[PDB]
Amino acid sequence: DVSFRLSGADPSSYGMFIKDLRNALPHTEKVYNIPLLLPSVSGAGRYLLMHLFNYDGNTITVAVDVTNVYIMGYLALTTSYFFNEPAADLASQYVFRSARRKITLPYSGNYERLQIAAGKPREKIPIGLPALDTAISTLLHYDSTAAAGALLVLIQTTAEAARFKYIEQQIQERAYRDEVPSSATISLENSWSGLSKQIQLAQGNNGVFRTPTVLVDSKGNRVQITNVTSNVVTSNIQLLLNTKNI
């Protein structure tokens, strides 16, 4: 368990939640000083439970695969909800078995299918701590269209912030006012797998990527990352997806 309370939340307590989230993910090595997530984990140890409390103190518990930071499903009162995909179905064998009923959401967890279900891309969905409080409250009342948008908010404010310090900082800036994610934020989210792969390939290649990774920077400009000396590698990314899962 890691925990976050929106009641009384500020940039510091959110920082501590994101720190806790990162520290709960097991790893045996660092690659260029960045934790390398495990190739796999067998049984219930695969999944971390995040306890989130909205402002009024209602709670959901979110199940996260510790090898890839993917949200598999969540529990809200006595009802469990899982994405419609095999990994989630497998997770439902291990978490929230005490739920009185289990609902399978009518989409998978990937951004493309979530955006379809929600009626909108995530460029247009404001994120922040208030949006996170809203998302928690939404997931309490099954509505599958509303839940898709809530889940885009949740994934970005939790998993994506764990992966990148820049995104954590973006959410901290939106502690008391939501705002659509920066282009750079979207870019990083979409590049995580690729960055993770190229950082791993750079080991044995003198710190140079085999294939450059294109990102958008904080001013809106398209930039190529070619090696591990980039600030994206030294001072941004916090977790690497294992190339075994790429």
Given for the second form:
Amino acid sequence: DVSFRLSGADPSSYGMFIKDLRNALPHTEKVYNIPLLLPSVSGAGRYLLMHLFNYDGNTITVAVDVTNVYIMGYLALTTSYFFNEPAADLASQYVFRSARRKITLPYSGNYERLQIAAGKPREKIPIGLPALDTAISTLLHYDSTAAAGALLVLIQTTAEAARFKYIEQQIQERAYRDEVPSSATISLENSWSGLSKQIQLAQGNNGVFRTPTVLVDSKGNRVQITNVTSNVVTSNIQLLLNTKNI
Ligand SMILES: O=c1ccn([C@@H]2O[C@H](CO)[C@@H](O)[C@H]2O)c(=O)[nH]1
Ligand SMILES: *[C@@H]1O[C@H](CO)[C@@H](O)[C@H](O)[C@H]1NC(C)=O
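Having seen the form deposited without uridine (URI), I'd like the form solved in complex with uridine (URI) now, please.
To see the whole picture, the full complex is given below, headed by that same chain.
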């Protein structure tokens, strides 16, 4: 398992949690020195538990699929909550079975569906450590509309930060003050799958992507990533989704 406490949290302790989260995801190889997530894992070993504690020390446990860093559901108090989708239903056979009741959330876990449920795009939702503390608190008591917004914060502050060092740094910059994500952040989130794929197709193609990936950079400009020498590849991305899942 991995753990993070908001009480006394700072950029360093958050860094340590995102490092622990990355190190808990298994891989048998690296592609251009980046961990390649596994094609598949069966049984309960598919799911990592993240224990998150709000500032008052209340806790939820979040279940993460180690092959794609997808949040499947979470346990709050004695009740479990799972996204409305077959992968989460499968997760519910393995994790949080000791819960006294199981609620299926009235949406699947992907950004588009969560934004609909929440009534707003994530361009308009501040993120940071304070927002993460709020999110954890929200998820302690069922409210599906509020939970959708909280899950957008949770996904971005945990999974997406694990995937990209840039997003980890963004959250670190938002340790004591929330701010809406940069367009670069949004872009990286939306391109993880594409980048993961192109980095893998690059091996066998002399480090050149078969199809370029269009990103927004720190300054707000659209740039085209064409090969593995780009900083997105050499410094930023920390985990690759296996092309077997693309
Ligand atoms: O059950 C799900 C489905 C999607 N996602 C997130 O939403 C993104 C797709 O919109 C994925 O990359 C992942 O970060 C989850 O966390 N859980
Ligand atoms: C590869 O990417 C670099 C760095 O972004 C770029 O300047 C260069 O022209 C690209 N080369 C090829 C062969 O795609």
